[PDB]
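Engineer: Listed here are the chains, written in short residue letters.
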Amino acid sequence: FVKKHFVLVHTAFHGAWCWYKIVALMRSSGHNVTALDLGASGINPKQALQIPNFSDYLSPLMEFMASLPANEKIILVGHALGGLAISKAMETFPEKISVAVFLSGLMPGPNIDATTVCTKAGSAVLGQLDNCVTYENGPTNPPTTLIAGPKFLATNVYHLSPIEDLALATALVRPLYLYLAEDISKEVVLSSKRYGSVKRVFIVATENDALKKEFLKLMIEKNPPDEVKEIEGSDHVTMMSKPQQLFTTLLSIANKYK
Amino acid sequence: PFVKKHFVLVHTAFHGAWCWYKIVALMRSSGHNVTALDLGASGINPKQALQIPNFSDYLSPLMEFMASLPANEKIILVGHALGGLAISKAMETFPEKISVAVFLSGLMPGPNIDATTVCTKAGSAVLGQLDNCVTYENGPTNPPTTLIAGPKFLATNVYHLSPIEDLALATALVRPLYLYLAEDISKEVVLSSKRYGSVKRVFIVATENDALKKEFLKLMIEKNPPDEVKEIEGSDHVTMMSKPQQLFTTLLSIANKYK
Ligand SMILES: CCCCCCCCC[C@H](O)CC(=O)OC
Ligand SMILES: CCCCCCCCCC(=O)O
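First to last, the sequence lines map onto chains A and B.
So the first sequence is numbered by the authors' numbering: it starts at 8 and just counts up by one.
So the second sequence is numbered by the authors' numbering: it starts at 7 and just counts up by one.
Where hints are given, some of them may not hold.
Said to hold, decoys possible - Take a look, some chain B residues computed to stay more than 10 Å from chain A by CB distance:
{"#": "1", "residue": "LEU187"}
{"#": "2", "residue": "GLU194"}
{"#": "3", "residue": "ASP233"}
As the list claims (entries may be wrong) - DSS-like mimics (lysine-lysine), calculated; alpha carbons at most 30 Å apart, straight line:
{"#": "4", "chain 1": "A", "residue 1": "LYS80", "chain 2": "A", "residue 2": "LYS229"}
{"#": "5", "chain 1": "B", "residue 1": "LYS11", "chain 2": "A", "residue 2": "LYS158"}
{"#": "6", "chain 1": "A", "residue 1": "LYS158", "chain 2": "B", "residue 2": "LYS80"}
{"#": "7", "chain 1": "B", "residue 1": "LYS263", "chain 2": "B", "residue 2": "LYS80"}
{"#": "8", "chain 1": "A", "residue 1": "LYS11", "chain 2": "B", "residue 2": "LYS158"}
{"#": "9", "chain 1": "A", "residue 1": "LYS53", "chain 2": "B", "residue 2": "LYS10"}
{"#": "10", "chain 1": "A", "residue 1": "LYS10", "chain 2": "B", "residue 2": "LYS158"}
{"#": "11", "chain 1": "B", "residue 1": "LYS53", "chain 2": "A", "residue 2": "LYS53"}
{"#": "12", "chain 1": "A", "residue 1": "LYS158", "chain 2": "B", "residue 2": "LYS158"}
{"#": "13", "chain 1": "B", "residue 1": "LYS10", "chain 2": "A", "residue 2": "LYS158"}
{"#": "14", "chain 1": "B", "residue 1": "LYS11", "chain 2": "A", "residue 2": "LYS80"}
As the list claims (entries may be wrong) - Covered stretches of chain A, going by a simulated chain B footprint (3 or more residues, C-beta under 8 Å):
{"#": "15", "stretch": "18-27"}
{"#": "16", "stretch": "49-63"}
No lab work stands behind these hints, which were simulated from the structure alone.
Note that beta-carbon positions come from the ideal geometry of N, C-alpha and C, so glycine has one too.
Take the sequences, apply the hints, and build the full model.
Structural biologist: Structure follows, in structure tokens:
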């Protein structure tokens, strides 16, 4: 038994809270775990309008990474949109990361742009079901924030999870600032010397959405990781629908890339 | 003979609407209406504790909700621990809108045992306990400003009979509580027999509560008698975590009895 430090980074609308099943399994197995709230997520004190720059969204992860002595290595796990956060962390602090894990994560590289993966990810959320946008920059400006609706969550995100986790999410999801493509492209710049030197595992976890699976496959083709793993029977929130399986998989990954 | 009901759930200190998630799912699945509220600077409420030094602002999300309720709609109002103060004020202001009020290990002040007596006693069971700590944002010459629940205190006194994942959830979500002045609470929560006292009232005891001692709960029940006292065995302080199904069936029963 070697004690390891997992750092968990959530997706859009979510927070540290969404990892609670995983955090519990990690803590009782004796491992260190940090689940972070990104900007204006979970109980982070910022509101979405206060973090209109993508660097502001990422700062809780970047501050945490900065506070790490270089000898204290981590397994860095990014879920969906959280892939962009972990990619930035990989570029800035490549030495501190044993292995980065992309859980159906946006995984841009040199051959597939950060703005490319974003526009595609956004198309599957913007205008879907009961999702709605706000216009705090006024009616003649692009929409400012996106709010995940309860039907969208039930149908597209939590559709294989226990009903109580849907209720939990409905009480906790927060708006996402609609970051500009230009902002993101400038912020998430990746090089093969820094980002590319970090060991990288992709976990494919999706069901009943073959187009989403194709998007994940495309990112894997354009930016080949060191290893691809699969979890069956997962909805969009694998930490909710397949917690034991995700835990086992992360431990296996951690043990392989010490 | 299904009758659709409206449950309104009010959390305790440090918590938010999120703590009721198991109960919310059970209620929504059976077709009942349920609102789980965040009080000021709780859960995902946008205020920070320091921004809300007045107890009125802590309570405002409930009071605004109560005011916006449609004509002739009655609610089952459920308050957990500190949430008891909030529902008591709601009972005094809008007695007509409440079918029955449920105090779940709740602070239950009355005309004979006022809000400040109850608060001072509650404070002693939380302040200084294990790894709980206070902040001094107004400097050392002023009273402490906020109270922060510690992970050890949560594990030992609050979540000890709950699934370990619920403790993990809590530690990622608990927020500071502003240390509201006794004088402020006294002015905000004043209860009369013809208003507060006219609302049907049930107290639910958690048998293994290690946050609020039974001697204090016995004092409140005697000096401010409810219409009924119910019991959930093997429950820690957070009944909605440790005994969710039992709490649910009890709430339905209460709702059916006083409808
Ligand atoms: C004087 C005003 C300060 C209010 C004192 C806090 C009382 C908290 C009541 C419970 O004993 C603690 C709890 O609910 O567990 C999370
Ligand atoms: C143009 C920037 C795109 C912002 C929208 C990102 C939504 C991603 C949601 C998700 O992957 O769970």
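Engineer: Now look at each hint and say whether the structure bears it out.
Structural biologist: Verification of the supplied hints:
Distance check for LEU187 (chain B) against chain A: the nearest CB is about 24 Å away, which clears 10 Å, and the non-interface claim stands. Distance check on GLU194 (chain B): its Cβ is at least 25 Å (rounded) from any Cβ of chain A, clearing the 10 Å threshold; non-interface status holds. Against chain A, the non-interface label of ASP233 (chain B) holds: every CB pair exceeds 10 Å, the least being about 30 Å. Distance restraint check for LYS80 (chain A) and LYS229 (chain A): the Cα-Cα separation of roughly 28 Å lies within the 30 Å cut-off, and the hinted pair is therefore satisfied.
Simply put, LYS11 (chain B) and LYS158 (chain A) have alpha-carbon atoms about 22 Å apart, close enough for the 30 Å limit, and the pair holds. Between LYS158 (chain A) and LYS80 (chain B) the alpha-carbon distance is near 27 Å, which keeps this suggested pair within the 30 Å criterion. A distance of roughly 14 Å separates the Cα atoms of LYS263 (chain B) and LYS80 (chain B); the hinted pair therefore holds under the 30 Å criterion. The hinted pair formed by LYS11 (chain A) and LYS158 (chain B) meets the criterion: a straight-line CA distance of about 22 Å does not exceed 30 Å.
Taken as a hint, the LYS53 (chain A) and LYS10 (chain B) pair is broken in the structure, with Cα atoms around 38 Å apart against an allowance of 30 Å. Between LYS10 (chain A) and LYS158 (chain B), the direct Cα distance comes to roughly 21 Å. Compliance with the 30 Å bound is thereby established for this hinted pair. Proximity of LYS53 (chain B) to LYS53 (chain A) is assessed by CA-CA distance (about 10 Å); at most 30 Å being required, the pair is judged to hold. With a CA separation close to 37 Å, the supplied pair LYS158 (chain A) and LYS158 (chain B) exceeds the 30 Å bound.
Pair hint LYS10 (chain B) plus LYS158 (chain A) holds up; C-alpha atoms about 21 Å apart against a cutoff of 30 Å. Restraint check for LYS11 (chain B) and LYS80 (chain A): not satisfied, since their Cα atoms lie roughly 53 Å apart, outside the 30 Å limit. A count of 5 residues in the stretch 18-27 of chain A with a Cβ less than 8 Å from any Cβ of chain B is obtained; the coverage claim is therefore met, three being the minimum. Three residues within the 8 Å Cβ limit are the bar, and the stretch 49-63 of chain A against chain B gives 4, so the coverage statement holds.
The structure is inconsistent with the numbered hints 9, 12, 14, although it conforms to all the rest.
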